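Novice: Okay, here's what each chain looks like letter by letter:
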Amino acid sequence: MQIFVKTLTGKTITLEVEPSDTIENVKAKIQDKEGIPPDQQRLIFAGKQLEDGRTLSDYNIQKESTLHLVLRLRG
Amino acid sequence: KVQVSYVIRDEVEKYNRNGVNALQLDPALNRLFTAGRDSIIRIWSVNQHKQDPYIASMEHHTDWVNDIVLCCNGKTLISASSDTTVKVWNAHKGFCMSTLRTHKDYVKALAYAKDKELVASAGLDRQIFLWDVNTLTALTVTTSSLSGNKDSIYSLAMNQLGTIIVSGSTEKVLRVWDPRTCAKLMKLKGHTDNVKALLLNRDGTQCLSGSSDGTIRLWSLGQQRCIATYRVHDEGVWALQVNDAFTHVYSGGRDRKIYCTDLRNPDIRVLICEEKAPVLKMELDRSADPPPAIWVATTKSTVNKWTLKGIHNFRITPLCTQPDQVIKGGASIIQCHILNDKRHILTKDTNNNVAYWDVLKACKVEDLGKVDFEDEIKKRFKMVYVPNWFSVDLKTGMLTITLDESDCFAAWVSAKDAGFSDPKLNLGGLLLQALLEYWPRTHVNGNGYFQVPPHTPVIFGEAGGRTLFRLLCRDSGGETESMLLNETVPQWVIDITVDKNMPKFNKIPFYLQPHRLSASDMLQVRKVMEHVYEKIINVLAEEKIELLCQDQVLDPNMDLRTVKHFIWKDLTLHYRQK
Amino acid sequence: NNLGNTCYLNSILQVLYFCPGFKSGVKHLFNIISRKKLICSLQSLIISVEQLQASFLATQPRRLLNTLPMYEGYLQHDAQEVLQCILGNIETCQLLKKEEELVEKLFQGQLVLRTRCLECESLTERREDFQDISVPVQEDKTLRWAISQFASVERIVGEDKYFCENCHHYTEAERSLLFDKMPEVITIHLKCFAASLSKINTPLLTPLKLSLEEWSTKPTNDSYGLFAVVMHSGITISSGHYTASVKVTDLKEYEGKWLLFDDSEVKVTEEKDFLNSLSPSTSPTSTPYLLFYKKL
Ligand SMILES: COc1ncnc(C2CC2)c1-c1ncc2c(n1)n(Cc1ccc(-c3nc(C(F)(F)F)cn3C)cc1)c(=N)n2CC(F)(F)F
Ligand SMILES: *NC[C@H](*)CS(C)(=O)=O
Ligand SMILES: [Zn+2]
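Chains as they are written, first to last, in the entry's author numbering: chain C, 1 to 75; chain D, 14 to 152, 158 to 333, 346 to 451, 457 to 480, 503 to 572, 584 to 606, 633 to 663, 667 to 675; chain E, 84 to 120, 145 to 164, 175 to 185, 190 to 211, 213 to 222, 424 to 463, 483 to 538, 549 to 602, 740 to 785.
Please keep in mind that the hints were generated in silico from the structure rather than gathered at the bench.
Any given hint might turn out to be false.
Here are the simulated DSS-like cross-link-like pairs (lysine-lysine), alpha carbons at most 25 Å apart as the crow flies [stated by the list, open to error]:
#, chain 1, residue 1, chain 2, residue 2
1, D, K14, C, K29
2, E, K503, D, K318
3, D, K190, E, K503
4, D, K323, D, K27
5, E, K561, E, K220
6, D, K14, E, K503
Start from the sequences, fold in the hints, and give me the full structure.
Specialist: Here it is in structure tokens:
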């Protein structure tokens, strides 16, 4: 399969995720194509954060799905 | 960043498979050149008396062919393809002569100044190179870059005298240059969507354009403005052709209709017959005035020849109903499935036919016929697990298998599992040994098991980009082929084929508990039974112990790597006596 | 009353308390629990806060903190994270109502995604629910421009090539976003951080009015008035004292005057005076982070 990701600038990045992997593999691919450490990324899909340690079949991600990329701002 | 690949195809491909992208005509010899989405270029004979029209083909590209131009009075042919390569051929014998690889992305445009002998090429990388033909046939040639541009170029045209060149891009703004001085002249705006067809007069005074919006505009190069606008087409126009004296235009697009629109008065309209697929790259027969024929191309593998005789005398009912000359075409593959044991492939093509392919031997063993795909897939179920080590690409309507450095050597299988005649084989290593077999560097004073058929093309390409080489498995023992192979192959292929380096293996931990060990992935549970028996003694091992995983009794032949994948959901086992 | 180590939950609670139709709905959900047997905690805090408003005319926000594997000890966290956590904990309504809507109506909408191959000109439509809009602050100077960048025609070229199954090749496509259902209040999330890890201190001129009809799917005529802003105060992504300012919704002379919830001090400002603070006319220290647009 093929999914899209909206980075910080607003551009779109394409991934071939093979929907049987965990969130850590997706974050690793995002870091490979973006250079952001995987411990500071916050993936958001359908207005709900993607939690680690789970596959993608539970989130029913299919076809072309956009995942919004945001960081974490602490205070 | 280098991937080795090869395709599975028949020795003599005689019919089109995927479609047609460009057309050309040779009135001197009465031949037709068909550069389709399939990588092969064919030379048909357009004589009606030839019941089997076919001449030698030209197979050297690895992807789609976008446009071909017949140069030097039909002696040479220039072809541009999706992979960033522009080649030079010899149309009299159909063999390549040169190659130009100074492009970054796809190439989609190609012009020709007949009275000047120049060729210009444009692509998705937003560059335009001016090439002189006379220095191409005889030969690191020099470059003449003429590109002030900001987005991808989808079509390009040049006038007959080679003094004006116009390009169309996604800005809906046409840019006009000058080949001799490489200067900028005009900036023609006033379009809405992509422009995919440009036609210029012989003297370059007027220009015709057709956009994906669905409108045809007549420009002027003596006055930076548009003159007339026609919207006879409901959908976008993809093809455009004109008469000799800029008096009539033949158009067609996604509408699946072909019109003949007048230019002086756009209220005269005749409807040539409608094709069954979106018409693209329409071609005209210019033997005499008026043109007595027209060749159309579509997204399906068939080329028709409509006849125009009712024009100028017709006084909207279609003029034709059937074509006069038909060229047959084959069937392309639209679906594939890799079986549980990663050797065989089940492919379903158009006209609803399913075939059973092989990968290691690179051949087809059987065709199953008219059966449902889902039931056939469910019937062919095997209780094994072998990690994937290749990929299948369905472009060009044929089977293409790509091997990547990451996971080519990731599949170890037993000797009897592979079917040969205990050795622990490696599928990727055997395939890579079989491919480069005539290479003299691999010899010593697919090695001893099988042999890939000696006509499979071998391609060394970059990661989703230009292909650095293209080789035939049979033609590898020569001089030039060896010279290029010494530098084109990557390192990880050399360390496996040229030198005998054993690729690494895999291990997995598993917890044993009488309700930590490291063992090879393809280890049968038969050995875990023999291990627990011989450690806790106070045929015999087979009969007096049985292992349970998730409360399922384990068969003493299925190995550890499929216990994890099919039964377990680190792995843990339990054992009970008797 | 409010010790300054919980600066995110405090601001989120203060913003949510003034949201339309929130304190009334939560009282109803607890009333259903009241006769059937996080919701019980929220109703307790709302009662306590309303007691103080009578006097003016130790709140202890830690009761929620204890009830809400990422919240251990005295640490620093995000505001949008706790907002999403609270809005996700509020599941409970569905479980209660199954046995026989405060987020699906207040904070919920739908989108439409269109992709168009440039070779075959074939479209494709998908539907995705959105709870907030993440908008680019600045390109690698207007709210409308930022929203347009977020949702308009954008072409995916280069290595990001669309794989069209009608052509079975890697083509080039264009994408678009459309709004189908707009919630009662629409929140905007500003991506202040820059990948370059950094922080941009140049704000955007946030208007006091809005209209979503150019990017909408149906012809509608409704406005959007700003009523709450959450502002950072730091210079990097390591710390910073959150601050929240909320408009008065509906006491005899405070109407139409913005508030300013500083650290354990309530200050009343004016609408004209406040509008000149977060604007880029004068280089500020605080940078807006979230914007809440109540309808009408
Ligand atoms: C956990 O805390 C909260 N959780 C949720 N929500 C809220 C606030 C009200 C949504 C708080 C909260 N946070 C800090 C407060 C606080 N409440 N109060 C009580 C108060 C009393 C009068 C007013 C008021 N209303 C108007 C009106 F009606 F004109 F708009 C004008 N004024 C001044 C506002 C708040 C207060 N004194 N502080 C500062 C100190 F406790 F540190 F001292
Ligand atoms: N970011 C934490 C809240 C503000 S403070 C004063 O604790 O740092
Ligand atoms: Zn397409």
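Novice: Work down the list of hints and note, for each, if the structure agrees.
Specialist: Structure-based check of each hint:
no., hint, verdict
1, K14(D) to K29(C), "holds (16 Å)"
2, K503(E) to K318(D), "holds (24 Å)"
3, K190(D) to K503(E), "holds (21 Å)"
4, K323(D) to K27(D), "holds (19 Å)"
5, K561(E) to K220(E), "violated (39 Å)"
6, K14(D) to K503(E), "holds (18 Å)"
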